[PDB]
Amino acid sequence: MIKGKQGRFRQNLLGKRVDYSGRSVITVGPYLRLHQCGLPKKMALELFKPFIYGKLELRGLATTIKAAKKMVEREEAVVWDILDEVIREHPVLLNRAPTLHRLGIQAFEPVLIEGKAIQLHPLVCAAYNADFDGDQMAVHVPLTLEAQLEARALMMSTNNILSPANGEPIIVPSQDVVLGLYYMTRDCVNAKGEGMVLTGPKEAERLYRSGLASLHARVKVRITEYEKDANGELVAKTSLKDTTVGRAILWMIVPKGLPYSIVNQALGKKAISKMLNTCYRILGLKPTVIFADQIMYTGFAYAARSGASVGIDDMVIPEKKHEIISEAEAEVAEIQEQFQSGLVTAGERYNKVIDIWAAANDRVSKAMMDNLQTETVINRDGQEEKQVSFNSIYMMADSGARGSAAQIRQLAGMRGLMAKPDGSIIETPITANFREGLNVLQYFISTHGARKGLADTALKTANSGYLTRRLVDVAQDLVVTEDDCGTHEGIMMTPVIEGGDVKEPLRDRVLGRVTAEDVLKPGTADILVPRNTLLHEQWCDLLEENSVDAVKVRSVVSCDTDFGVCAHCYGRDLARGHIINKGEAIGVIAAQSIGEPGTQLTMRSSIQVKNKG
Amino acid sequence: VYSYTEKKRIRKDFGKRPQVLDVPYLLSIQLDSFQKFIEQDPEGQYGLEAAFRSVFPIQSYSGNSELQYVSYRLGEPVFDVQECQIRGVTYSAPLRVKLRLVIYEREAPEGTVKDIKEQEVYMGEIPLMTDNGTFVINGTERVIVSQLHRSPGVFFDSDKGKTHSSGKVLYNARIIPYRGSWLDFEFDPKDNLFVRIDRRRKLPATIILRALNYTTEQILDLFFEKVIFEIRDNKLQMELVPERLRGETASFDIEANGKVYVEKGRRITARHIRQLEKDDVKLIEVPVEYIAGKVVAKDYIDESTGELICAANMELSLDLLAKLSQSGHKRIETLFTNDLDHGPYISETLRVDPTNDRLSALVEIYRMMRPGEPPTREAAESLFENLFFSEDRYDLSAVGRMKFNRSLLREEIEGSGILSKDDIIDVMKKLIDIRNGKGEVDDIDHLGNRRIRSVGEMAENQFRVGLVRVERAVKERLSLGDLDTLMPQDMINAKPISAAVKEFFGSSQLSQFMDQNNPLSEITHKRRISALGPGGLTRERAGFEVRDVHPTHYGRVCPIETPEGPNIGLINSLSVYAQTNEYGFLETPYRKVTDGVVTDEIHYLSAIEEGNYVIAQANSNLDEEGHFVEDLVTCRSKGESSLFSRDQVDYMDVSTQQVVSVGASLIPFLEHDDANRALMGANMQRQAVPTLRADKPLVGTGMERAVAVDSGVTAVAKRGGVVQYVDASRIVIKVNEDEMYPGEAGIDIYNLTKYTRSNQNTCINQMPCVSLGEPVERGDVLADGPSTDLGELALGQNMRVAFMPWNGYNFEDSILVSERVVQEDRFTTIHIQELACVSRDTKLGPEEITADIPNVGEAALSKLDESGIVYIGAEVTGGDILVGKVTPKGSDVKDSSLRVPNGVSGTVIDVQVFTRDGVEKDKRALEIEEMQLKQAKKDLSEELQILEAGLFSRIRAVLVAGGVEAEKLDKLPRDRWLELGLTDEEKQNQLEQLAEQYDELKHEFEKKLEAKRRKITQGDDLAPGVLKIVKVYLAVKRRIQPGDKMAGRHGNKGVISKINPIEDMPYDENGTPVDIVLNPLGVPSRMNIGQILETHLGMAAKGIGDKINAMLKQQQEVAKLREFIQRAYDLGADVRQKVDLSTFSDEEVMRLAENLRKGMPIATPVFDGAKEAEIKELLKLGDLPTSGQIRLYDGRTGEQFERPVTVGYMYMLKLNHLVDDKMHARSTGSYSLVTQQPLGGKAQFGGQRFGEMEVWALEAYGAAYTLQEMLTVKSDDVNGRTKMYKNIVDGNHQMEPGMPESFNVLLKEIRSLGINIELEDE
RNA sequence: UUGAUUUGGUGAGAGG
DNA sequence: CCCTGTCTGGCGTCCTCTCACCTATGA
DNA sequence: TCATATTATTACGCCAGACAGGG
Ligand SMILES: [Mg+2]
Ligand SMILES: [Zn+2]
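Those sequence lines, one after another, are chains AE and AA.
Read left to right, the first sequence gives residues 330 to 933, 948 to 956 (PDB author numbering).
Read left to right, the second sequence gives residues 2 to 891, 911 to 1342 (PDB author numbering).
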């Protein structure tokens, strides 16, 4: 009754079953602002029975408690106004069932739903690892007043816009919205309204809506970008940018301080992520929340206007694919004719066959990748001119919405050399993609390769979860409990180099960590930075300009604090811009941030210089 | 030619390869196994006769009486299957066994017995199988799932790397019997051979040789060859066959015949062996340093002194040679211990052995097996002679002896079930050979090494357990038997056999509850091959390789239909064409290929036969003769897919469906999907609910017909003919004369099972699909079951789907649905709930069934009778009352009255009551008694009259050869008819013959109706104990709503997000809205591109349907329709279908075109499907654009979507994960007993488990107060939660926390040890 | 003072 | 007496939903 | 009904931790 997974510790004292809680299937609802979620009326009237009882007893409609329970058992016409007056400013904790890190419990404000499904704002889904293929989430109600304030001030969904494992934003726009942006801010060499001049972004959207120009048609506009070059003062500079119609329409949504060159490019997924990141580093939190919502709304709207389907003709077969396969078949014929006459060894034969099928696979991938990335060739006022294609699967790949090089490779080019479960590769590849039909043997080899992957994930998840458990129980105690340990020791952060090109730069390792002694400028004996400064982005840029060798920085393992970690030897807060506060549990967020990517990890001569120096 | 429901709607069948072997009956594993179990099969194998011929005749220990066997039988079941499911009894049969007791006198092995007695005794009841492969165990309908276990017979396993931490391989060898003790041999890293029995302690293995009465010299004769040292002129020369020097270093001077052959230093090559064989070199003189390391073979004794020189297996030194040379033993036999090949493993094991003779070997084996209790001669000898060598407790079966002789390369395959000396010695020899290098190991995933148990084998093993318990009981009663005052039921007892066989059929890991929501799901739960179960591996332990697909699965096990999660690849599903071998292995069909011409004869192979041959591929182009049109063809030799010549192959695959199963060969365009999404597609396709209106997949594979027939959910006609079609109650089929028996005039009356409960609360319902007066053939379907449409298989429905992002409402995998889907009720499924109410006599008198419900006012007496129990059918919801069932003394009276659960609605469709003999309220119980009483007689006479009408006419019909006088035959009406004498003329006995029929009809009807009333007149039929037994069947009708789950056949899951109006849908320029919008972004990542080809080909199918709907609505004479139908059925490449359409009588064209105006159904088979050019060509026959993509406008803005989008028809299914079975919320209610925390679940009104990682997530924030109320006030602390509820309803959000109760439970459980845990200072 | 039993435990299957 | 096979214990993912089944004996 | 009290299967995979054996 004590030990085990089902004893008292792990089953009734660390985890408890909980009143004022609910559970249902999630769905999208994209009209939401990212601090609010949809919550059904039936669940809302069940979770908030005591607040409704208290409200009903305050008005004077009833007398005893029984009367109120009969009123909400009957659900009369007056308790729905009571319910909209108990919801209004009262957050709830939404929770997806495998919570791995702290962004899997977030607090929203309810918006009542005719329905029986929790409507969950889409950007927030990338935090929960929540798709909508049958998922379920639990709602919990903060009862007391300190818990409502903790849900609004610590656990609100507007407050979690950076992942605590690093500095990367976690409210990155996921899949439909990056397709809507990548189709919006792009260009083509001729459209309606090529090379006309526009007096502002407002009439750019007016020309798109009336039907006189196209969403991607290159155009000189006059935009007014606000650069804040003074000390907190926004200076207007207006100019004519040679841009498109879609870039001006998306400029109507960008806040004041960002420059126009954040939208002047094509805006895949990495570019929109660094757009939101530069907005958070410059303009702070509130413009970044409202701008994340306006990004999501305009992405959904112009992805709807795009009509970006997928067809059977979109997967363009290379015309050179069959001759490449016949040249590889002639090469394996030459190698086996040498094998009949015994000139070569068996291992060298197997190595030569795997090498020519790897080379033919790379050539087929380059043939289809040229045939997709520049297939469109349209003329403008004369001879032809080429451009990047508006093929649907190519925009779904190039935008980074869903797809890569490998998946679009397997839908058009040959799908490689699949490997048998012995671990060694199979010498006869799967020369047929998915647009052509796989025959029987090729699909069976494919099933070898995919059954191994499903078995690996379904057995990998146990070790990933047990690793997170061991990590949060070794951490478990360590709380930021001082402000300075008063030391001069700390580890020597250098960039890491394995022997190829320099892998992880110093700005990734010494971003937001407080230096141990003052870094000498690389010239001679200068106090470039002082000895207890947090290295945020401005300091790291003045480190990259001076090409600083390596920084002696303060590390947690050198902290002199008895029973805890001081506030300087930890570093930056990582989801807050400042230093770690006195109190915030860093052992648990660290253990979750190491063990949470446990699913994505796998389970089962001489020196040649490259550069010149 | 076609049958008559085949000419209704003949599906356009793509497919180029002519099929040679039609699909076998898909439930043949279950049916053939259980038909093997119960069948009167003389020669004894296999069945119940094997059990009775093993256990009988029982003779006691010289008790001079020997009960023997004659014959067995199974009587009728007392309950047919329907009333058996209704009542709750097992569907069983009584097992009537004839037993013949003969009793001897003194001294009669040969003497005649003094007395006999014989009777048809009754032992157990065995559960029979329903005709569809199911059991009915206790009211519920269960399925035994066929196991996949290791075969009996020897296995040579390696375990090459992990032990010893030194890279040294071991080699063990397991002799797995079908029944009995396990014997394993195994090396250890000191290169010594060890035996262990039943995974016990480790004995050095040659002791088992010393247990088989082998001396040391005989063992060394077996496992070693002799090298002969002859004492000669000098230095004791050597016989040397040159094979023994292979690969070793020449230590000495190799010379003979006055010639130096090989000098010292160089290794001996095979050319030197050829020199020694050409030069005929045997005898060479050795140095004394050569014999100074070798080991003697046999014993030698000094002759004159009379003592021992050396024991066998002793290494030799020079002074030992001085001992044995001077005595007079001229021959010296040494053991050739080659370090390369012939290792000295047995000899070093003999050096490890602490034993010397046979008796100490048996004493050491007995001290291993049974410790503590002493080892005496009789006890140890009986132990070891009944370990392996008696027919009782050790039995390799026929499978085991076949594998045992096959793995040892024996010639024969049939032998005795026990082992012998030579078998154990051969296993040790093959293990030593594998260590030496020759021969190799076996793998365990190889399906030639992996047998299937099925229903008959498992029930036979449990029945044999019951029979050995009843023979120990018969041996008990007989030695205490007094004669002649007992007859054979004081000896025998029906209890242990029935107990064991109901233990297996009720509570086993394989007799499990049938997934019954779908015809597919029934027919693919019956074809399931589980690795789990008794004697097999477990879910949470193993492994990686047994979860993985091995190259012997090609055509035996489906590669892609295995459930994802904790058991992947343990719950494999059987392929389409794969039968089961005689021994239980998996044999699959192949086409025998003698020479260039591929012959149409089939021939079945298993994996231990598939390796030797060379087997072709299913789709390799052969034209008009069977000759492979290429000179090279892809085949597979020994699990290796490789390219071979035109004329080397011996077999070809039969058909191209044969790799996959019946779940994942219903997916069209399987070959274009990814493997992962085909797995998710098949596993979700098992989960579909039956819709209210079944709708014919436009893009099918043609295997829908075989699944919908072979799963017994449709009423397939037994005998062909016409129809009478009363049908409100039953289809009545008049039988054509050729299929009709001479006696038993006979017309077939099919029972339609109307609205009733499935095992997954779905609705199984049959509807007649034939009209009145319409010809049907044998094997044709008559009534469409759940999820069937004219004999095809209609799980979901086909809807117009656009691929586009639509305003974010289909973001990750969500699905946006029009209102035209929910207005038409085209997913509005029907669920049925059984609810029981009993009024058991717990304590303080019995409970009561009265409407006079207390405290509660005229809100109890409402949906009931004037004085008790829900009336019949209204629209009951949640909080209603169905069965008033409350006691007095339980003011102090209470409300246990079974009500309707919270959140559900419905209509009471049926009320069953076999209650405590007394339920009658006023006088209803006997009121209905008279109703049924008069009902029976009516139909009884009616049926007789029905036949009488047919017979009367038949009398006159035959009245021609013996009185055709039409005006002299219409005498008496209901009195007599025939008043003449035919006598002979040309034999019309026929009048007299029919006279007996009517005479017997009335005579039997009376008796038939006599028992009817007898059966009618009764309290009711059920078991005892339970008193008030009221079951009420609600039927909720759930429509579709934001939150349900839909999915196609390709793995495209979706939670339907927004239920749009019709106006806001994307309409094309023709005006029709699209029904369902999916999302294109799923398609490049999830590489299931087959849903797009299904979309385009379904678009083309409905294009033909719209074209026929125009040609038939704007009505044309049938020449233009038959021309367009002929063009639609020719269409393209060389196919199998074409049609013979000009023989459809100018009406069967029109009925076909009436059944095609919703869309022309297209069969795209599994791997030989429709190519893309045929999709484009079919889209050109309909007037649709060739790209598959139409420009679509927006319903909101009226303006065109740029870049035209894909619209087509995908067959989308509604899975039974409905959102108002998942929605749940809890504020406050009941909790558990032991702990003070809330209960768990939905059926218990309970709250969410705020688990461990959520606590770590709140610790990760600064949520200290949220966590404090999350584990103290909201959950556990009783004073805290009552103060909090009062604080909330006063308007004061403040918690008074206290200490959790489960921590004080922890303190008392820790303190209830010898542990003093406390709580210190303030 | 105005009412009541699953959690307990096993086995099997399913979802994310 | 310091290496050493060998044996014994102790881990092995969270959340949820549906169903059935529960000691023998006995004057 | 009211006290009487425990036997004829094996088929995980590391990975520490303690123990008798022997150069
Ligand atoms: Mg999912
Ligand atoms: Zn410190």
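To be clear, the hints were calculated from the coordinates, so they are not data collected in a lab.
Among the hints, erroneous ones may be present.
Cβ-to-Cβ under 10 Å is the rule here; a few derived chain AA residues that face chain AE [claimed, not checked]: (1) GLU44; (2) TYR62; (3) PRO355; (4) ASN620; (5) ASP674; (6) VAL1325.
Using 25 Å as the maximum straight-line C-alpha spacing, the simulated PhoX-like pairs for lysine-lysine come out as follows [claimed, not checked]: (7) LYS118/AA to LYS161/AA; (8) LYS227/AA to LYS439/AA; (9) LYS954/AA to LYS914/AA; (10) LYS163/AA to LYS789/AE; (11) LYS1262/AA to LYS371/AE; (12) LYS1262/AA to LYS378/AE; (13) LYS398/AE to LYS1303/AA; (14) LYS941/AA to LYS161/AA; (15) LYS749/AE to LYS715/AE; (16) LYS749/AE to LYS1158/AA; (17) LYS881/AE to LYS911/AE; (18) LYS955/AE to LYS911/AE; (19) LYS370/AE to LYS1242/AA; (20) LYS941/AA to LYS1007/AA; (21) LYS1007/AA to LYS749/AE; (22) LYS1328/AA to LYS334/AE; (23) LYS161/AA to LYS99/AA; (24) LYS169/AA to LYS395/AE.
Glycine included, every Cβ here is placed at the ideal spot set by N, Cα and C.
Okay, the hints, checked on the actual structure:
1. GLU44: 41 Å, violated
2. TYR62: 50 Å, violated
3. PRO355: This hint is violated: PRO355/AA lies away from chain AE, its Cβ roughly 42 Å from the closest one there, beyond 10 Å.
4. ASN620: 5 Å, holds
5. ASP674: 8 Å, holds
6. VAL1325: Holds, about 7 Å.
7. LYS118/AA to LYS161/AA: 63 Å, violated
8. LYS227/AA to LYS439/AA: 21 Å, holds
9. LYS954/AA to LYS914/AA: Violated, because 41 Å separates the two Cα atoms, which is more than 25 Å.
10. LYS163/AA to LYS789/AE: 21 Å, holds
11. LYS1262/AA to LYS371/AE: 15 Å, holds
12. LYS1262/AA to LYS378/AE: Judged against 25 Å, a Cα distance of about 18 Å means the pair holds.
13. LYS398/AE to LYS1303/AA: Holds. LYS398/AE to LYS1303/AA sits at ~19 Å (cutoff 25 Å).
14. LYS941/AA to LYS161/AA: With a Cα-Cα distance of about 77 Å, the restraint between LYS941/AA and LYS161/AA is violated, given a limit of 25 Å.
15. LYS749/AE to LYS715/AE: 43 Å, violated
16. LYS749/AE to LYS1158/AA: 41 Å, violated
17. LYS881/AE to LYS911/AE: Within the cut-off at roughly 24 Å; holds.
18. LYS955/AE to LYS911/AE: 48 Å, violated
19. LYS370/AE to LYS1242/AA: 15 Å, holds
20. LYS941/AA to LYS1007/AA: 63 Å, violated
21. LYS1007/AA to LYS749/AE: 77 Å, violated
22. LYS1328/AA to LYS334/AE: 19 Å, holds
23. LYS161/AA to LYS99/AA: Violated, because 56 Å separates the two Cα atoms, which is more than 25 Å.
24. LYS169/AA to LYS395/AE: Distance ~79 Å between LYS169/AA and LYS395/AE Cα, so the pair is violated.
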